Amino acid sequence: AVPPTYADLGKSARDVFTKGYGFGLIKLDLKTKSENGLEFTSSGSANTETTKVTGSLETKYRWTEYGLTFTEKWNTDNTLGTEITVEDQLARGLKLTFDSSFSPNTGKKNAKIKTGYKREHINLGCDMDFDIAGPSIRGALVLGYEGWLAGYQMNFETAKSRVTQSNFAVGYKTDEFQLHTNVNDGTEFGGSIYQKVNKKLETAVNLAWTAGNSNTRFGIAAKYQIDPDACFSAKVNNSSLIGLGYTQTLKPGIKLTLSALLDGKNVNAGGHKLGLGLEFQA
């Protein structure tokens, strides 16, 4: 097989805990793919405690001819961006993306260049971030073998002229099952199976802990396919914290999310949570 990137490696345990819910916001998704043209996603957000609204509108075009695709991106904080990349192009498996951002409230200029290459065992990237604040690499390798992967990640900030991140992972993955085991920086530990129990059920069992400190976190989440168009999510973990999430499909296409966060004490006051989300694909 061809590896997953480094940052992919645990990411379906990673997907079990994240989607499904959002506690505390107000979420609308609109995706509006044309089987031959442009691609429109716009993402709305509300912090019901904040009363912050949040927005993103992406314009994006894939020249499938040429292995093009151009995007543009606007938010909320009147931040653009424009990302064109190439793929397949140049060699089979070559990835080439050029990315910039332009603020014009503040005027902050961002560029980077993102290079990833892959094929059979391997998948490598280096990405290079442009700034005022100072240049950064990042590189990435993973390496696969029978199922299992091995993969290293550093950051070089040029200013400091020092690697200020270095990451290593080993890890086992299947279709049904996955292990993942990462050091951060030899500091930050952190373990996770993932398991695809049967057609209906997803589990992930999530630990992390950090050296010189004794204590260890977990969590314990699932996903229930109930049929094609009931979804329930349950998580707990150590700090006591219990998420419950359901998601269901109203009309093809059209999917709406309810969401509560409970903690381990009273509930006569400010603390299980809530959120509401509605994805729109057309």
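Positions refer to the first chain, counted from 1. We call the rigid core the largest set of C-alpha positions that still match within 1.5 Å between the two forms. What changes on going to the form deposited in another entry:
After superposition on the rigid core, the single residue among 184, 82, 203, 210 whose C-alpha moves by 2 Å or more between the two forms is 82. Residue 50: CA moves less than 2 Å between the two forms after rigid-core fitting. When the rigid core is held fixed, the Cα atom of residue 64 travels less than 2 angstroms between the two forms. After superposing the rigid core, the Cα of residue 103 is displaced by 2 Å or more between the two forms.
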The other form holds:
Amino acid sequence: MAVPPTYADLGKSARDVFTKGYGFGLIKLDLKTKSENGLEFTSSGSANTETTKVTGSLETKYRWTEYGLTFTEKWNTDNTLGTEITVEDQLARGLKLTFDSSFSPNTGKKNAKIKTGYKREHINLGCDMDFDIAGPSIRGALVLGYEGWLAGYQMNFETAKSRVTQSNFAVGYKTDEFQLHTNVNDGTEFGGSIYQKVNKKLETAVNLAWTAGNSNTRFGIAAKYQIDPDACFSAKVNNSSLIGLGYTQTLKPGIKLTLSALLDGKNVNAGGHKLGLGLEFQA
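Let me have the form deposited in another entry next, following on from the form deposited in one PDB entry.
Partners and other molecules omitted; one chain follows.
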């Protein structure tokens, strides 16, 4: 409805046209399993193309619908363990408390955090408490919204340094089929995204980002046209002539196949082009 999204989720539809539906240089085979209403199992097997690094993950997710509890745990072949607990709507008027934790061998990740969010008709507030060993920090999210107009501010205060290390503003406007968003980070990093839905299934997205002094200019355009109710086709170009193609097709009620390819328009002949494959079985 009119509930404003989180600061990290505004301008998401334009971002999903660029990201969703593309698998580059990866052989992704996932299997989803929902045996009961709450329990969900998901094991994935990916193989890198450039480095030939096979990575297999195992995720167990259970949902407690009555008490609002939500448990999420992830496992990986690299022993990169992650756990998340989400309590939603336990307190009055749409509250949510989340406990995240990620552990990794030798990479130096022993981080865990406590997230806190508040939602209403026009206000969306977020509070994070990262416990990184290098230094704890508090993240504050504030999003204003009324009549399709959005306004957001994000702040991260690092207690180890006793100062705010990042302060991001965001102003945007969105409709049912049109979304315009503007982002400025630390006064020097700027950005903007325009989401447009042309037809019943034609999503048009334009992304623009640059730094202070007309530097690091990066712009592009993406599209997500479907030809069939079961087939999705995606294409995107940027100023570096990187052309990304993607074709998503579900072959049967529980099988999904995704073909994708990245082409370097600068050097077509041996320019480091990438092919990707994605199989998602439903069970």
